[PDB]
Each structure stands twice: as structure tokens, then as C-alpha cells.
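Take a look at this single chain in C-alpha cells; it is the form deposited without the named molecule.
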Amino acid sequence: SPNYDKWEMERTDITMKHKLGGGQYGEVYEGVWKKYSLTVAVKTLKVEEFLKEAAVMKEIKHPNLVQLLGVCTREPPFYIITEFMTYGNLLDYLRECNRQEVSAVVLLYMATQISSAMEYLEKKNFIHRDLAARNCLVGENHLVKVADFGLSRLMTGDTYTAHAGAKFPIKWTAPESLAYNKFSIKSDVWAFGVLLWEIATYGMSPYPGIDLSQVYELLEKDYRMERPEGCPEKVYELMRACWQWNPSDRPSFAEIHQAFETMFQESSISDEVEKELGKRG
């Protein structure tokens, strides 16, 4: 039919149950797709930034990107409707987890899943622009997905320049981005370095006790966050690669993913055996 749009759903298909989290996600609701009795998440507005996130999510698809199910953007109130991620945002997940469940191998699994998604965006020539643990979502069996695509975009040049007044979450933001509003897949890699550090610390805040106003100056003097207690030497080396001052010196997400894939696989082996010991009590 002439007005068919594969993504546009009817608002009345969705029951809005309650606002998720603690207003901490803004206007994101747990809903039900009543036809199917499926729990969904729904972000609502009542614009350009909203519609831009809606547009971007139609273009990207991956096992580790939160899955768009549909939108209601023909008339207000606008909706973006996605799968429901059962455990919420990764930062709080890490802060409250049982570390016998969320063990060294699961920390590697998490980094493998996120870098898998970013390797995909990387070859799609997208940038994400807001990589952080608070912006990843967790499902069953430590399934992790990247979310929050409001600043994501398909790249036309090597660099995107955010508008003059823009402000950024300073502790995740690469030097060139802080100083010159320049973004690229490489400033995503820098933010991924910080995300790695959030994972390794089970969700500590970065640069603890360092004033936001001091951060760029410290970076320019080559200060970088210390290796967290318990963090594998190789993981920390990858963090430091992600935090190379010059963007072209940072690894690709292709390289990053491959390295974490390998480390994950090795760690799984010992984990699986340790599980089977212990079941033989």
C-alpha cells in the first residue's frame, strides 16, 4: 500500500507500563506490544535529535546493538520502540553484580561483545560518539548491547566536527574532541578504552578525584589512569593503546575485537573446567 513504512507502528499497539530506572534514563518506559504480549522498551518525546536517533537505528543492526522494533513518528507523541534489555545499564549491573557470576571471563566476554558491535559500526563507517558503560545494556547470561545512538552518524569524511556550542562527557572524551570538537572512529576507540576501565573496576568512575577542569591538561602531560587491581597486563596495554594522544596511533576496533576474542576464548577454557570441578562436589 502507498503509505507503507516498515518501521512505523501504531501507537495503540503499545501499552506504556511505567517509566524505567529512576528517571535516570529520561523518558524511557517499559511497555508491552499487546498483540504479542512482548515486553518492550519505549522512548518518548513530548525533536530533531529524537528523530535523528530514530533514523540512525533503522540503519544499523547487530547482535550487540540494542534492537529497534519500530517507531511512531508520523505524529506526536513520538515513540522509539526497542527490545527490552532485562538487566538495565551495564554500569549499575557491574556495581551490583555477584563477581563469582560476573567473573574475569565475563569481563572479557563483555569487552568482546561491545568491540564486536563497534567493529561493525567501524566498517559501516559509522561513529557512535557516546561509548560508556552507562550507555550499554545487559540481558540474560551477560548479554551486552551498545545503546544510545543520539549522536551516532554515518561518516562522510574522516572527521566529524560537532557544532560550536556542544558539550561532552569530559572523562570519556578524546583530546582532539575536547580541544577541537573533532570526532572519528578513533575518538570512539578512546572512549572504548575508558569503558574497558569501567569494566575492569566493576564500574568505578574514571579519573577518581580529578576535577573535570583538570582532565585535558593531565592528558596533555601524558597522564593516564592506572592499571586497576586485577586487570590483566594485556588488557591494560589495550587501554593504553586506546588512549594514544594521536588518533591514528590508536588501534582499530577490528584489532581490538580480535584481541579480546582470543583472550576470551582462552579464559573460557579454564572457566568451563572450573565449573565442572565444583559440580563434581
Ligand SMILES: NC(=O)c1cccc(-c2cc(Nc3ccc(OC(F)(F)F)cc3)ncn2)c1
Contents of the next structure:
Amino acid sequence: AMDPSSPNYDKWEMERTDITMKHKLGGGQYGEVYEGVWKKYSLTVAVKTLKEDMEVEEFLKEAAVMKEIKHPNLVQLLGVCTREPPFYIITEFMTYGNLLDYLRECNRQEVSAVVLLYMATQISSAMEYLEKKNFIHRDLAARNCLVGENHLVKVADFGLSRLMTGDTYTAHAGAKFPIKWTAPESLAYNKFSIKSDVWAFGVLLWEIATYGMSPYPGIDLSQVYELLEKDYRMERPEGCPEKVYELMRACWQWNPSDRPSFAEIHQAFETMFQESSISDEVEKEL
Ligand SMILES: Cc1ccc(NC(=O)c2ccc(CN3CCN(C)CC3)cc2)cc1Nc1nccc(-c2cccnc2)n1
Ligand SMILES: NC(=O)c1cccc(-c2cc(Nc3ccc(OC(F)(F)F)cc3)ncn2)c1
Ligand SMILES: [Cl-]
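Please show me the structure of the same protein in the form deposited with the named molecule bound, now that we have looked at it in the form deposited without the named molecule.
The complete assembly is shown below, putting the previous chain first.
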């Protein structure tokens, strides 16, 4: 099946022995994801596998989806091993790891307002692409983005809901939801769409603007929906330019139809500071 002449050929299928498997990534925070080396390229990779013994079809579904998407700001599929168990999905490795930790740990002279704007812009580009292709993310947040060289940011989906410890994800409607990132219509009506990703993007924008603070700080999960329904929204973070906060507020429109498209959001990021410096706005606000 590995030869192009074969009727069973799949360009994505790679030789398992081409990859040298190292340790589990990030202590175990990603489940069954391992650091790897793709031998012939001397390239470090991330390798997702299945744990011993119905989630097989979900895994294969993920591999199929990843074959359909290609964008500079979406984590890139490099290959799979899905002919026989154990199944692998191989992606590029991103030097600086997840964006949430990166924000919390970064040198702030380096990761200035300009860099933060670039990170937000890149994420909106990935999401504009997903929007165009009629995909939904379903769990957009800083914890699901990666950071590489020169502040490159890629959107990922690590399937965190039943891995992550703590109260980021909590029980809701038979599953685990990240309540503070979840659009109200998703919480209340189980309605997910690109517009519920827009809501989540607004929360992610707030994470960027605060260098990774936890959203709705000090507010009980039990109160989030009621507060949002009564028009409460997180306040503008310290130093946040008004035009950026306006964009956050647009993402958090109660009616999903009133929220901007990711194409509109990306355009806004390109125009917002075309003639003016984000550094100057932050300074003005402070
Ligand atoms: C090894 C692997 C296997 C699969 C995936 N998959 C994805 O990241 C992903 C992204 C977008 C989609 C699109 N999808 C559309 C439909 N909706 C419902 C879900 C999202 C699907 C999968 C990533 C990885 N990469 C990965 N995983 C965990 C950790 C890391 C990692 C950690 C630290 C440094 N560098 C890399 N890297
Ligand atoms: N040391 C300081 O002067 C100080 C104190 C508090 C906040 C900040 C601060 C805020 C800040 N905010 C900020 C920057 C960019 C931004 O746009 C985007 F979200 F990234 F798109 C939205 C908000 N950027 C850089 N520094 C600095
Ligand atoms: Cl989808």
C-alpha cells in the first residue's frame, strides 16, 4: 500500500519506523501525545496515539478532518499511521508550547502590545479559513493554541475536555464544557456554530489582552449564564485599546447573528491600526 502504483495508496500514510518516539509531551497534559523525531528530516514532531482499547472512529474522524485543512495558522498534519493499530497522527512540533502558558510566562518587553496584536490577528486568520471551509472549532481558547518561532501562532484542538484537571471544564448537559468560554446559546440550547466560535474568540482576545488571566475572575460558574443574560460583560482590561475592546464586545453579542464573521474580525485587525500604533493606544489608556 506504501507504493504509488498501489490502488491502496494514501499520500498521508507514513512508515512508523521513520519516527523515533520519545517521551509524553507536557508532563501528560495532552493525553497520549508524544515528542517524536522524524528521522530522515532531523525534525521534532508531535505524535498523537490511542490508549489501550469506541473512540477509534473519533480518532479516525480527526485524521480525516486534518487531511482537509491547510493554513499557515492551523497546526499542520505531517502524516498518519492508520493502516494498523496503534494509530498515530503526526503534526509539526511548536517550540514554545501552548499559548496560555506562553502568555503567563513570557518576557513582557518581548511580548509587547504589537506582538499581542499579531497573535490575535493570526488566530483570526485561522478562524476565517475554518469559517470559509464550513468547519466549526467548538473549543477555541488560548489553551488550544501553540506558539513557535518569531511569535508564530497556530490554532489547534487538543481534545482537552476530559483530560484537563481543575475547573476549566465542568459538567454540563452530559459532557464537560469550558463554561467561561462557551456561547450562551451553546450552554442553553446546545447550539454550536461558527458564531459560537466567535464568542469564544472574544474570550480568547481577553486572555491575550490580560497575558493569560482566567476569565470572569472571582465569579462563580453558577452565575455566568444569568449575568450574561442580564447583559453583564467582562470590563475592558487595563491597557486595552478601546477599538480592541469594542471588537471583544461585538464578539459577545447575545444574538449569534449579530456577532461579526471571522472574515470581518480579520479585516478589523488589519485596518484598526493601519494608520496608528497600538503601542501608542496602550500608553494612552495607561
Ligand atoms: C499530535 C497532534 C494530533 C492531532 C492534532 N489535531 C489538531 O490540533 C486539530 C486542529 C484543528 C482541527 C479542526 N477541527 C474541525 C472540527 N471541529 C469540531 C474540531 C476542530 C482538528 C484537529 C494536533 C496535534 N498536535 C499537538 N497536540 C498536542 C500537543 C502538541 C504540542 C505541544 C507542545 C509543543 N508542540 C506541539 N501538538
Ligand atoms: N507595564 C505596563 O505598562 C502595563 C500594565 C498593564 C497592561 C499593559 C499592557 C496591556 C496591553 N494590552 C493589549 C495589547 C494588545 C491588544 O490587542 C490584541 F488583543 F492583541 F489584539 C489588546 C490589549 N499590551 C501591552 N501591555 C502594560
Ligand atoms: Cl465542523
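Residue numbers count along the first chain shown, from 1. Heads up, when I say rigid core I mean the largest set of C-alphas that superpose within 1.5 Å between the two forms.
- Given a rigid core superposition of the two forms, which one of 175, 150, 203, 139 has its CA shift by 2 angstroms or more between the two forms? After core superposition, the single residue displaced by 2 Å or more is 150.
- By the 2 angstroms cut-off, has the C-alpha of residue 162 moved between the two forms once the rigid core is superposed? Indeed, residue 162 is displaced by 2 Å or more.
- State the core-superposed CA shift for residue 20 between the two forms, in Å to one decimal. Residue 20 is displaced by 1.0 Å at its C-alpha.
- Task: Report, to one decimal in Å, how far the Cα of residue 262 moves between the two forms once the rigid core is superposed.
- Result: For residue 262, the C-alpha ends up 2.6 Å from its position in the other form.
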